[PDB]
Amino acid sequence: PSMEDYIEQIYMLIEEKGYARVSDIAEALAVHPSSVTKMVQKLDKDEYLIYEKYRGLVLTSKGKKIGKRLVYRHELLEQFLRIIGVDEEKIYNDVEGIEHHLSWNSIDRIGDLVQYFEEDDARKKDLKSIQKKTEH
């Protein structure tokens, strides 16, 4: 996975559990613990996290800000694909594939588009109309 993938998962585990165990990270990302330990070393050098003797891995403010951004980006992209009518089963893998390869410009414009549909259900109905007309 990418550095972004590791920070995203670490932030989520701290939110869910209160801590991020190397074993939990390894299971979440489907990687070997050694891959995790190496990435953690990298994230420590770049000051996204530190390692305490008693608490284990702890995000710095830099890590927390990035993690929160990454979770937001994930959730937004799922909401986007869901609103435009992608089969739910496909959404997660599509988001995992694209999320870390989009500019903030694109993310923010996708945010505006999500707001566009959420603000008036009639727009959703019209889009549903179009889909039927592109079905033939």
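Positions refer to the first chain, counted from 1. First, how it differs from the form deposited in another entry.
When the structures are compared between these two forms, the hinge, where C-alphas stop matching one rigid part best and start matching the other, is found at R69 among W104, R69, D46, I50. Relative to the larger rigid part, the smaller one is rotated between these two forms by 19°, as taken from C-alpha superpositions.
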Second form
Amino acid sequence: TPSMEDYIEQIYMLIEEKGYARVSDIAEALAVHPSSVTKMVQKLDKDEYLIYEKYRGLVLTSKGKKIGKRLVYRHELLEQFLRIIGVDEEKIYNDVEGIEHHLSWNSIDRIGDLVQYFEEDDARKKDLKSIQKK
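Take the protein just shown as the form deposited in one PDB entry and give its structure as the form deposited in another entry.
What comes next is one chain alone, with no partners or other molecules.
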């Protein structure tokens, strides 16, 4: 059962490089009853995540765009993170997948400050690799 968050992420991609999002497209990528999209897209509208453009179809409001873009950011940030601390590229996605839906934006924020702490220079992120060689 995809989350209101999964939709917005999904509805985001289906809009990003697929014009706009049609209720059938959702019940596709998310792989769930096409009536579960209308049931949900109903609450998404109520939550100001998207409005329905007569004739054109569903589109995200600045809010939805915001929430959606932030989700995308969370995924890449977590991957950058796992990778920057030196984790088997193979694992990166695996772990990020498992954890991403279980972390507060507070952690996602401090993890950014963490990724920051390093990325700014290849040296400081070396000492990390030096400790890893044990």
